[PDB]
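Chain residues, written in single-letter form:
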Amino acid sequence: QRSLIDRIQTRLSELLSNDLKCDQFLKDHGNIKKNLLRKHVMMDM
Amino acid sequence: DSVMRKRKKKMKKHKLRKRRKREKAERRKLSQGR
Amino acid sequence: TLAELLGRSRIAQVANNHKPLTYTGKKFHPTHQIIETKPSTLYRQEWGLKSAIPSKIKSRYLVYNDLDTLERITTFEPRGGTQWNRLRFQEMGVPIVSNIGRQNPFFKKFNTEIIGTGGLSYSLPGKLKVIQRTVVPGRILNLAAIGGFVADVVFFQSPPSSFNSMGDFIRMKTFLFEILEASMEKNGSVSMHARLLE
Amino acid sequence: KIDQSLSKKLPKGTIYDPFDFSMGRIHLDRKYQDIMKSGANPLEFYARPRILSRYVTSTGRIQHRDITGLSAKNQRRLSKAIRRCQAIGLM
Amino acid sequence: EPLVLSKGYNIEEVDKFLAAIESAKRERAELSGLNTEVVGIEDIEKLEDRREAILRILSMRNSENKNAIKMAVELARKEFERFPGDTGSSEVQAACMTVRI
Amino acid sequence: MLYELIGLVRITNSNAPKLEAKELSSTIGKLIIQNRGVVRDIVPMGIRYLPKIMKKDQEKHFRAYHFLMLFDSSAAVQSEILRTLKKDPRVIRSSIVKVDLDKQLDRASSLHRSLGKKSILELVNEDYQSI
Amino acid sequence: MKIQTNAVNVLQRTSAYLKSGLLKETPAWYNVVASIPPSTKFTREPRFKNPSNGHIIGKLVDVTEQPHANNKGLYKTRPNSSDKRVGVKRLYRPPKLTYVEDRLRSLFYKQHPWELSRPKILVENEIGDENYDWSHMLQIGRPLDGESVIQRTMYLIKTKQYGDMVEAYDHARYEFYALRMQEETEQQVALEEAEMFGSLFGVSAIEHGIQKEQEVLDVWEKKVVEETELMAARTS
Amino acid sequence: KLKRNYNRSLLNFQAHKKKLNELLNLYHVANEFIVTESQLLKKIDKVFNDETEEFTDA
RNA sequence: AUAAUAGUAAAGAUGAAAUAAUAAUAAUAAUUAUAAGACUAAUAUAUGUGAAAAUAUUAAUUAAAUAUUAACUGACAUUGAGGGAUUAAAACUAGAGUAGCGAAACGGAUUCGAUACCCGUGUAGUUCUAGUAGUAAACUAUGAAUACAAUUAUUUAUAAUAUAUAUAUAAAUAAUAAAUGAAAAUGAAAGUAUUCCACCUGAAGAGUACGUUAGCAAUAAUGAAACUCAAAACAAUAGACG
RNA sequence: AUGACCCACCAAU
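In the order they appear, the protein sequences are chains A, B, C, D, E, F, G and H.
Under full-length UniProt numbering, the letters of the first sequence match residues 179 to 208, 218 to 232, in that order.
Each residue of the second sequence is one higher than the last, beginning at 78 in full-length UniProt numbering.
Under full-length UniProt numbering, the letters of the third sequence match residues 2 to 109, 195 to 215, 221 to 233, 244 to 299, in that order.
Under full-length UniProt numbering, the letters of the fourth sequence match residues 40 to 72, 81 to 138, in that order.
Each residue of the fifth sequence is one higher than the last, beginning at 85 in full-length UniProt numbering.
Each residue of the sixth sequence is one higher than the last, beginning at 1 in full-length UniProt numbering.
Each residue of the seventh sequence is one higher than the last, beginning at 1 in full-length UniProt numbering.
Each residue of the eighth sequence is one higher than the last, beginning at 177 in full-length UniProt numbering.
Among the clues, some could well be false.
[What the hints assert, rightly or not] Once the Cα atoms are required to be at most 25 Å apart in a straight line, the calculated DMTMM-like pairs of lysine to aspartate or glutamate come out as:
hint : chain 1 : residue 1 : chain 2 : residue 2
1    : C       : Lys213    : G       : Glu183
2    : H       : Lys193    : E       : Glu175
3    : G       : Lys158    : G       : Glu130
4    : G       : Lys120    : G       : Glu183
Note that these hints are calculated values from the structure, not bench results.
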């Protein structure tokens with residue numbers, strides 16, 4: 179369970195540094220759009 | 078005033094003496110069948 | 002910066018210490034740092050403490066624990082005078098084995199234990215002033246306080262007449278002693294030996 | 040030969056001073072003259096009537112926090128241990 | 085009921101945890117350079133009692149009513165809970181006050 | 001729960017000093033056992049002249065054989081043990097005090113707890129060393 | 001007292017008298033306290049950051065600003081008691097000027113108590129002209145003291161010539177010892193040499209050590225002359 | 177919700193494992209004796225028969 | 001108190017003395033020894049713990065009461081007419097007990113007198129057990145709750161620190177600022193505000209009469225009017241007085 | 001000024 183928090187938090191959080199690498203991400207899947224990060228990030232796992 | 082309160086004391090004590098005299102009248106012919 | 006200024010303040014150069022100003026406990030190492038004042042400031046009645054030191058004080062050396070306190074006064078004892086004892090150690094000219102000085106002469195993350203001479207000595211152990224030292228006079232306790250440092254009196258033969266000569270004033274009488282040597286127990290205590298020339 | 044109350048006998052270890060060698064000093068000192084105190088549940092010693100025998104005016108009496116000077120809790124548990132020891136046969 | 089105990093100590097866990105020792109004891113000796121002798125049964129008799137005492141020394145029949153209650157509140161919360169965990173639901177709080185009442 | 005009985009038994013055998021003491025130590029025990037409860041640690045405290053002459057059964061016992069038994073049983077058995085004790089002419093001044101183990105699973109005897117120790121398993125490895 | 005009014009309001013007060021007739025000629029000072037108006041606000045103005053330890057005074061750790069289960073292996077989500085105990089007085093409360101150098105000062109003086117015994121020039125002289133290159137544990141004007149050792153360890157931790165504070169201080173600790181060791185020899189040399197070169201000395205350290213002590217003995221001897229004897233009559 | 181569940185889970189977990197550790201810390205080894213008629217005879221008869229512990233100290 | 005014991009002439013009490021079943025029946029004192037009761041020194045600050053009554057000899061059982069996190073609940077509360085519950089000392093009704101204390105009583109003092117103070121016996125009672133009753137200066141003479149406001153020193157709870165230190169929190173206690181106040185003084189309330197309940201409207205007459213309810217009872221609650229005054233009360237001040 | 005009256009003392013921590 180704790181693992182989930184790791185990766186889950188880690189990437190959304192990691193996205194802190196990636197408003198560019200998220201670009202790669204934003205695509206794969208497809218403000219509150221930041222909230223859109225946790226949106227599909229959460230689903231992955 | 079404590080002195081004023083003490084006067085109550087003299088008055089309650091005086092009434093207690095009357096009560097003792099009234100106590101004789103109480104529990105007597107007046108409070109039984111009347 | 003205000004703090005930068007204070008971070009270098011002489012007031013802070015002096016560390017804090019609330020050790021009693023009477024310390025009835027047996028004393029070996031000093032408890033506080035004496036504050037030296039130029040005669041000028043003394044007449045100006047200035048000592049750099051929170052409150053000016055009373056003219057009643059005529060020394061130029063005092064020790065302070067509380068810049069100022071609830072009692073609206075500064076807690077200080079104008080009897081700070083270790084300046085004499087340590088100097089007398091120099092007047093006595095004797096070095097301390099200091100256990101073994103591996104590499105560094107005093108050797109030893196934090197050297198809290200076995201601090202070393204404790205600033206009582208910064209001279210090469212061996213020197214030729221030793222020429223049989225300099226028979227420093229000491230006040231026989233029975244042990245003999247030499248230059249403010251008690252040293253056990255030793256002699257070729259026990260001389261009772263010498264003690265009888267001073268009677269009960271054995272400490273009052275001062276006899277020159279060829280100091281055998283001194284040592285700093287890890288508790289920062291100097292143990293030395295005297296040479297009663299009687 | 041001389042009386043005790045007039046002659047400091049600083050041990051050699053210490054640092055004797057010119058004043059230090061004075062009567063004033065002697066008077067001064069006089070003026071300014081314990082595993083339980085260390086921090087061990089004083090009650091645990093509900094039996095060991097030996098340990099409790101200490102903080103006792105030697106008259107079956109415990110001491111006001113002017114002498115004992117033990118922590119409120121330490122002293123009260125020490126007092127309770129003494130009272131409990133009275134119940135526990137020994138002392 | 086008989087065989088109940090305190091602080092979450094279901095007898096089974098005891099049976100299974102106590103059992104762990106059996107596995108461990110023997111397997112500790114399988115390796116190294118020391119052989120197997122009296123450990124053929126490790127005093128079934130002694131181990132039997134060891135556990136026994138444990139049971140007396142952890143038997144509600146020999147503990148404190150407070151402890152039986154500590155067990156109860158749980159039972160109730162777990163019969164009146166809204167989900168695994170909820171302990172604030174009015175019925176949970178009510179049920180809990182009930183045991184005590 | 002864990003109880004303790006610093007009882008002071010009397011003695012009469014100019015010879016054996018721990019005669020009755022041991023005989024009673026058996027009694028109490030036999031019963032602490034046949035009743036769901038574990039005896040734990042017994043710590044003979046030997047003999048110590050009583051601070052005062054404790055008159056028991058008009059015998060004025062000036063001394064007694066202190067002893068301690070660390071035991072564990074239901075209230076009743078613990079209560080009952082009190083009854084047994086006072087009512088045992090041999091014992092002179094009994095006492096059962098509690099030793100809550102809520103925090104420490106295994107509690108030592110009061111004594112060791114003031115000796116610095118705290119548990120028998122601890123007090124056992126304390127001697128385990130050997131083998 | 002209570003924030004008074006008739007203290008910083010003199011001009012207002014005099015003005016009235018000056019406009020009516022109670023006064024005929026203005027109090028000379030009149031203009032000065034007009035040109036330089038008196039600060040009247042006496043507000044307990046608030047503080048926001050500690051002037052020293054650089055700490056901040058005014059922040060809250062919103063939970064989101066955190067995600068690592070505490071050492072106490074636990075992800076905290078709900079704000080905690082203190083984390084909701086309106087701490088406004090703290091802002092006004094003056095913060096403590098904590099300095100790690102002060103710890104080093106005490107540490108050195110504890111390790112070297114004779115340094116405390118050594119006279120120090122606490123009296124601060126025009127602190128303004130004191131720019132000191134501290135790559136060396138010696139400076140013109142400033143004397144030798146454990147304080148120098150402290151200001152020295154700073155280079156070794158600022159410039160980073162060495163590593164942590166403990167190692168840094170020691171590097172200079174041995175630097176200090178040397179200066180002290182050489183000084184000790186220098187001290188003896190003056191005398192020895194001067195002693196072996198036409199030098200006479202009226203009193204030495206041993207001399208004050210004996211004269212003052214023997215002086216004290218005058219009082220003690222006379223004192224016991226009354227105490228011991230008085231008891232003989234007090235008991236005979 | 178997920179982190180809350182983990183917080184509640186790790187707490188319950190820590191308490192039970194300690195419970196288990198202490199249970200096999202003494203109940204696993206507590207004299208391995210007192211609980212039977214035979215053993216009591218052994219300990220009691222191995223007490224005053226050789227050693228006695230009193231204060232008095234050294 | 002009661003024998004045992006040995007010891008001798010007083011004892012004991014008070015300002016000083018009297019007495020009583022004190023002691024020539026051998027007392028008191030002493031030292032042993034039985035029995036009977038109540039109480040609980042130091043510690044011990046009632047710090048504290050309790051709603052308030054209350055409450056510090058020991059233990060056993062039962063039960064309530066802590067802080068801090070964590071999970072949950074999801075405004076579920078603020079406190080309250082009436083009601084209910086508890087409720088000191090005395091008193092009462094049963095049953096046991098009864099050492100000491102001590103109303104009443106009686107005696108001895110003192111005094112002008114002394115149904116007092118003092119002293120000797122000493123009964124109701126003080127103890128328990130089951131009740132009953134429901135009042136105290138049951139007073140911090142200060143109803144409960146919440147939000148807030150300037151300092152210091154001590155407790156002290158407690159986290160933390162690089163435990164033994166100096167720090168951050170709370171909590172209490174003691175001095176105050178402001179503010180309030182007739183002042184005395186209150187001081188995180190007698191301050192700034194909000195909410196709810198109780199209660200007051202001159203003094204006498206009166207917490208009386210009467211009615212009504214409750215009680216085994218003493219009583220408790222409820223609670224008027226006529227008549228008569230310009231009085232009556234409190235904090236601060238001088239002054240006289242002890 | 002309204003303004004005929006004032007009355008009690010007993011012995012110590």
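Evaluated hints:
For the given pair, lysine 213 of chain C sits about 15 Å from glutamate 183 of chain G by alpha-carbon distance, which is consistent with the 25 Å threshold. A hinted pair counts as satisfied when its Cα atoms are at most 25 Å apart, and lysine 193 of chain H with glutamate 175 of chain E does not qualify at roughly 30 Å. Simply put, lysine 158 of chain G and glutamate 130 of chain G have alpha-carbon atoms about 19 Å apart, close enough for the 25 Å limit, and the pair holds. Distance hint between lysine 120 of chain G and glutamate 183 of chain G is fulfilled; the C-alpha atoms sit about 16 Å from each other, no more than 25 Å.
Hint violations for this structure: number 2 only, all remaining hints satisfied.
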